[PDB]
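Novice: In case you want the letters, here they are:
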Amino acid sequence: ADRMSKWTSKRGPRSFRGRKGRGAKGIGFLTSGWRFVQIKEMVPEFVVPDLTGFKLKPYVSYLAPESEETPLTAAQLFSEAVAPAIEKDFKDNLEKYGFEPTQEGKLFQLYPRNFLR
Amino acid sequence: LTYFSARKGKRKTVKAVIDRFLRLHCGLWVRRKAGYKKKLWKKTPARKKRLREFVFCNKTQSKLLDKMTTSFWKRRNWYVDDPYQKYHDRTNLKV
Amino acid sequence: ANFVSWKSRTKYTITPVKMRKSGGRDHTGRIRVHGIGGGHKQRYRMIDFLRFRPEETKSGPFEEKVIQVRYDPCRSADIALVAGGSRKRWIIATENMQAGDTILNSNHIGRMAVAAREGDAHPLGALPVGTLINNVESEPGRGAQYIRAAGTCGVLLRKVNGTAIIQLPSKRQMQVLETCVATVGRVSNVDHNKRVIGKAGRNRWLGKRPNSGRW
Amino acid sequence: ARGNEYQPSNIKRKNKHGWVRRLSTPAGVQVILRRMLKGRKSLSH
Amino acid sequence: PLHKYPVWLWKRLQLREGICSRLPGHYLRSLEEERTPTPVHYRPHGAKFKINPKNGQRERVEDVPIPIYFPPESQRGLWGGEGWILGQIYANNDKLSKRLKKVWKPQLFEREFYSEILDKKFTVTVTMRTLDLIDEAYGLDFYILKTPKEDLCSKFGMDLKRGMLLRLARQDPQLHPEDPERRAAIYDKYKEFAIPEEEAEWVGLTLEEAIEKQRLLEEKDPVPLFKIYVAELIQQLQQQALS
RNA sequence: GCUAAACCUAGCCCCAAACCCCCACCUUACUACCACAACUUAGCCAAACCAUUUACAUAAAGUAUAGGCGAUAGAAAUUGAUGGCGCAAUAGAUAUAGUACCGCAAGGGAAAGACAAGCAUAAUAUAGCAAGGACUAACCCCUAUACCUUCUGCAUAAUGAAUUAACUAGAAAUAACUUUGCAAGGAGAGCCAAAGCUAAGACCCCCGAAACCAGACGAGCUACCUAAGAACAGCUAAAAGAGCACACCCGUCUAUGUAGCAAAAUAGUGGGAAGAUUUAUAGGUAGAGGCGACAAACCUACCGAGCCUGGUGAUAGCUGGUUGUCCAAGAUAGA
RNA sequence: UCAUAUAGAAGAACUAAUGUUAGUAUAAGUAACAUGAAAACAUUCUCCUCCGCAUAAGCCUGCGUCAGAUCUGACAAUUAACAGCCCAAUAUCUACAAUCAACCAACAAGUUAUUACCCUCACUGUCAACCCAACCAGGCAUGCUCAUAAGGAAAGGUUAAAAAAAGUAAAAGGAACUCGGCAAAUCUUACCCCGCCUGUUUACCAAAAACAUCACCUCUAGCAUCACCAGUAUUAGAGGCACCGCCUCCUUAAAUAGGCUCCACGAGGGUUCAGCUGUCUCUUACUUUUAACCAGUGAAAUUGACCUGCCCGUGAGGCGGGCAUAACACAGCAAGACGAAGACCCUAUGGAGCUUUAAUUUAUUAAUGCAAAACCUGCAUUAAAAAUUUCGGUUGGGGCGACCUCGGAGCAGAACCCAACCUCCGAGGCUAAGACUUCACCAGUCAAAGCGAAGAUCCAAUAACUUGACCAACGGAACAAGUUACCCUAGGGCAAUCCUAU
Ligand SMILES: [Mg+2]
Ligand SMILES: [Mg+2]
Ligand SMILES: [Mg+2]
Ligand SMILES: [Mg+2]
Ligand SMILES: [Mg+2]
Ligand SMILES: [Mg+2]
Ligand SMILES: [Mg+2]
Ligand SMILES: [Mg+2]
Ligand SMILES: [Mg+2]
Ligand SMILES: [Mg+2]
Ligand SMILES: [Mg+2]
Ligand SMILES: [Mg+2]
Ligand SMILES: [Mg+2]
Ligand SMILES: [Mg+2]
Ligand SMILES: [Mg+2]
Ligand SMILES: [Mg+2]
Ligand SMILES: [Mg+2]
Ligand SMILES: [Mg+2]
Ligand SMILES: [Mg+2]
Ligand SMILES: [Mg+2]
Ligand SMILES: [Mg+2]
Ligand SMILES: [Mg+2]
Ligand SMILES: [Mg+2]
Ligand SMILES: [Mg+2]
Ligand SMILES: [Mg+2]
Ligand SMILES: [Mg+2]
Ligand SMILES: [Mg+2]
Ligand SMILES: [Mg+2]
Ligand SMILES: [Mg+2]
Ligand SMILES: [Mg+2]
Ligand SMILES: [Mg+2]
Ligand SMILES: [Mg+2]
Ligand SMILES: [Mg+2]
Ligand SMILES: [Mg+2]
Ligand SMILES: [Mg+2]
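Chains as they are written, first to last, in PDB author numbering: chain 9, 15 to 106, 113 to 137; chain 3, 94 to 188; chain D, 61 to 275; chain 2, 48 to 92; chain X, 2 to 244.
Don't read these hints as lab results, they were simulated from the structure.
C-beta: ideal position from N, C-alpha, C; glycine also.
Some hints here could point you the wrong way.
As a list, the in silico DSBU-like pairs of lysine-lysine whose alpha-carbon atoms are at most 30 Å apart [as the list claims (entries may be wrong)]:
hint, chain 1, residue 1, chain 2, residue 2
1, X, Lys49, 3, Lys101
2, 3, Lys101, X, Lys5
3, 3, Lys101, X, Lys55
4, 9, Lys24, 2, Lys63
5, 3, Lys131, X, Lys49
6, X, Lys156, 3, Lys105
7, X, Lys156, X, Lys106
8, 2, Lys85, D, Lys78
9, 3, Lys105, X, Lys51
Partial list, computed: chain X residues near chain 9 (C-beta under 7 Å) [said to hold, decoys possible]:
hint, residue
10, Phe114
11, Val224
12, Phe227
13, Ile229
Modelling step: build the complete structure from the supplied sequences, incorporating the hints.
Specialist: As structure tokens, then:
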């Protein structure tokens, strides 16, 4: 008889209490007899770098020059990414300069996103 | 009667009167003495003579019928050969 | 109402299957027939009525021998498990059928009437006039629908060209093609009439309940 | 003795007044839409 | 408050805003246009005026169509224009007896009809009126080809019409291969209902089907901006080079 | 002297103009992840019943026409087309909010923020609608049958009122009468005109049924049924709707209780208690319908017909009310 | 517009709608509620429980710490092995109960072979004094403890008035009480009526002599895949009845009470023997709760105002005539303040029903019959099934029964008019001054002269000249009865004949 409070896993009878998750991802599947099989591939392996010798810290000194907000736009990226190669080669049929026409044969597809932050 | 129509909002007349009474323009109403067409075979000749007559309606009846009819049926009507053309006006009325 | 009727099995097998009672409720959900509900749980044994059914890739009249003649809740008669070839079937048994007997099942109309044992299945024409039959069928190759109840005898009355007139237990006749397969004898469990159930509890056990109304 | 007609049960409550039961019939969608219009923040039980 | 457009103009407004706005003009014209169906269940008054007997003066008259119901099962057949009449009757055909409910339904049949531009036999449910109209029209193909959308009132009929009109417009060989003379004979026999393909594709489509067709027609994978930007770069470089 | 009493705006009403806008979520909604489908308003209500019938620019015209020719209904041809003598916290929207809270559900639906009554300071003194005439004097003396509404008048015959504050009930045509304009013509097209036309001024309330019809919501209580479960000591007797009697179920008789501990309980006394028993869990039957070991019994505390929203401001020849001052005419033949 | 006046406007005025909202009163500081004892705050003692612990279901942080108060905020917490969350496909199978399962005895009849996979423990419940009853001597399934190892506190302090409630004891007598042996104490017997038995029923006034029930009988039905039914005349459905067998004067002293056969049973009804008892003759004592007082917290119906007496009379605290009369608490009582739900009679052209041989219909279904291309469509007839609808007036005592329009005689003695279910009886040529009238209207009535001859309206058939039945409930719904013990709403409520004494 309470309908305003959120509905979460702590609410129903045994069945409900079990079925309803809590926002937590899955990593495996139930086999016969309520046995759980975990898959090493569906567990996010963190990728932490080697921080030794790094010359940057959580904050930046107050003695730094200011600048203008210039968000990176497709034109700005293209300008210094591939354009100079074109111009250099313009003085004497697009995949040679980084163009990727289709995105089935690469591990990190850009659309749809098949990878994670 | 209906004092305001649902579709226009005007007064409306009771058409059961138009088919029964004639309004002489200057107030009077004439009717036709119910009981006159039918059963004319055991009525005395004098009674038949009375029943054929066109009779007037007294004050209350005339006011009632004036209420049950809009303005259109009270106008001045100039018909070509109107048997009641000479009765539209009163002449020499003392009070 | 989500009412999937229980009679959903397709394959045939002698194992009892799990009845679900109805209580008079049809698929909509309303009392269609008053006076039904409750009573003992029951299982259903798929009694096979086409008593002339030859096994896979075989033909010709076949003999089968019984194994047991047991009570059955659904019927009023007593079923019997007959084994033949490589196949077991539940068939309604007649009165004088004991475990171990043998029975013939034929469709072969002989030159004249063949004296048939009191449990065998023969086409109507094959029998003589004046015998008693059960498990009659309306038309050939259809199945037994007529006399099946407990202790009911069906007399054969006469035969004419291509047909036979039989007398049903309700004291009236009907015509059927002479190739319709019946069984000769009287259906088992005789004198089932004389079952004084004694007390209302027995009626409740069977499945009936007392219902006022029936508008 | 009366007054205790509500014997609570989450299964029943979610089965006979829940989102899916409303959305499983035109009348229920009308109910949800009425309660969307009136402003409610408890559309379904 | 008050809207800026009435309620019944909202449909026509919608036909100008969104995806419906890019549909070809002729389809929109065929959709907005309204035509009265040919009278079926009532006797139309012959003339625009008439003398009535009660008084004797010349009064105007119009014919007010009976409203008729077409259950969806008819959309799979060719009922002609016929349908159900849902209404009331006076019990003894005297006005002082109860007002009773009444439904009049057509007598339906199933039959087989041969379409020559389609060279196919269809099984269709029809009514005596449909057969009489077909005979009066000298064949099923003519009946479906000359009758307008409103008199047919059958999505099946309009689909047949779209097929036949497309077959005529394309002049495609698939009608009767291995005998081009018969092809030419059949195609030219109906040469009068020969409208261009661009108008043939959209004949009979309901509005929803039209929207879906337009969407499928225009839906397209966005062009990679890499090609666009390299094209702009090449244009600028050529301009700089020629200077 | 307390209690209080006071305030402004937060907003809103009616117009004009302009056509309006990261993740999860149909399974048990807000849950990363596996093999069907949509397409005539009845009736409350008028006819003083009710049965055909009964409404959803200006002018022509409430005319033709329809109609138990009753109540009432009713054309066309043609004609021509930013603001406020609004509210200001019981008002204005229901709104600070569709929140709190009520209901299982559909659904219902709030409140509010900035020396009035009641008392104390200060209990009363024969006698009496609590006052008036007065008196030197408060009482004492003389006079004096509360108010509203309904019945012929009512001693209170009956109905209503504890008391204060706020809010709460006469909207309009046909004629007529009065005062203006113009006057054989009036009127800013359509209409009237044998002194009439044009304009203004004056006159027609509030609350209340049992009901009816339509569409939704309900079988978590109870009636019955389904699926798959559970309980039944001990003694006597052995396969029994068996006897005595616990748990469990019911509720015979009496007493308590009657705003109660409880909108049906408590204490004792009682019937059944291996069965037609009792019971937890999910599903089903839906309102002229369901269910019923028929009692008009039960379907969420109120069932000879549930409940909610809408038609609905239902209708009511019936009951109750109807608000400033002063004066004047004013009553019981009959069909 | 002056800038309180002259005008124009309008949600324009409340001693009263069991009006609505808010404030505060009265009854009222009244009814009711609560904390076992001592103490050294560590503890000890007295007494009680069909209770307690856990799971389930339900609820969702709801007596853990700290800090502010008499509840608010902050902080903290409940760790999976228990429980939930499941399953690769295809074919095959899958006859025999459970009851310590063995003897007897029954009826209600109760998974694998092949193909594919060599992956590992993630996710959620986990708290409490708890849930449904507005806060609660109520409701709440299962396992285990069967009187407790667990859980609790019947008395805020006092005194020991009445009336009330529960309990204990009682001399002699033992139903004389009373409608009745209800209650209580004791435990026996006998019969009679009804129903065969166990069971079920009016949740919340009826548990029964009613319903159901075995047994019997009657009626209908010859049969497929959604009920009856995976059934088939010894079957299924619908009815009546109620196994079975047999037939279609005594009682008391006294008495209006009790006295088709048919075992068993009944919280059924009536009667009786014996006992038993405070039921009674006839009450009494004590205890507990209530009670009264002190302290804390603190309602509700009710209320026109009250400065609220008695007797007699009128038609009664309040009027009249007499009498009485310093003010004020507290506890009692129930004669009066017509003291604060439920019934009965009548009315409504209110509502809802039930039955019909009351009126209207066949729209829907089922039969036929006729056209339409072996099945559906249209029309007609017959029926069932329903659907909509109504219940005139005066009246013995409301009901029964009569009458209901018009006319004539007494009341109404002498212009006019005046009631009766008061008093006695029948009927269904045309034109035109002026008038009369049935107390309205509608109708009705007389008529000089002059000219010519001697019971309504609407509807239908009609060329017509006009025409009729019903409307007799006779100012007339075009066509509608019986009834509501289940009813609901709005409302109203100086005796002819005689008894007795002088
Ligand atoms: Mg009416
Ligand atoms: Mg407000
Ligand atoms: Mg408000
Ligand atoms: Mg004051
Ligand atoms: Mg008094
Ligand atoms: Mg009062
Ligand atoms: Mg249930
Ligand atoms: Mg009203
Ligand atoms: Mg009246
Ligand atoms: Mg005067
Ligand atoms: Mg003034
Ligand atoms: Mg006012
Ligand atoms: Mg008031
Ligand atoms: Mg008191
Ligand atoms: Mg007390
Ligand atoms: Mg965990
Ligand atoms: Mg586990
Ligand atoms: Mg725990
Ligand atoms: Mg303890
Ligand atoms: Mg205590
Ligand atoms: Mg005390
Ligand atoms: Mg004694
Ligand atoms: Mg019993
Ligand atoms: Mg009994
Ligand atoms: Mg006190
Ligand atoms: Mg007196
Ligand atoms: Mg006192
Ligand atoms: Mg009346
Ligand atoms: Mg009525
Ligand atoms: Mg007389
Ligand atoms: Mg008279
Ligand atoms: Mg008169
Ligand atoms: Mg003369
Ligand atoms: Mg009458
Ligand atoms: Mg009369």
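Novice: Each hint: holds or not?
Specialist: Verification of the supplied hints:
1. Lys49 (chain X) with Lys101 (chain 3): OK: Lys49 (chain X) and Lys101 (chain 3) at ~28 Å, within 30 Å.
2. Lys101 (chain 3) with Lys5 (chain X): holds (26 Å)
3. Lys101 (chain 3) with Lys55 (chain X): Roughly 28 Å between the alpha carbons, so the hint for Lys101 (chain 3) and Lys55 (chain X) holds.
4. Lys24 (chain 9) with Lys63 (chain 2): holds (21 Å)
5. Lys131 (chain 3) with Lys49 (chain X): violated (43 Å)
6. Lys156 (chain X) with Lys105 (chain 3): violated (50 Å)
7. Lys156 (chain X) with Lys106 (chain X): Distance ~20 Å between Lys156 (chain X) and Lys106 (chain X) Cα, so the pair holds.
8. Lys85 (chain 2) with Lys78 (chain D): With a Cα-Cα distance of about 51 Å, the restraint between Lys85 (chain 2) and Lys78 (chain D) is violated, given a limit of 30 Å.
9. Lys105 (chain 3) with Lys51 (chain X): holds (28 Å)
10. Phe114: violated (50 Å)
11. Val224: violated (12 Å)
12. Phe227: holds (5 Å)
13. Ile229: violated (9 Å)
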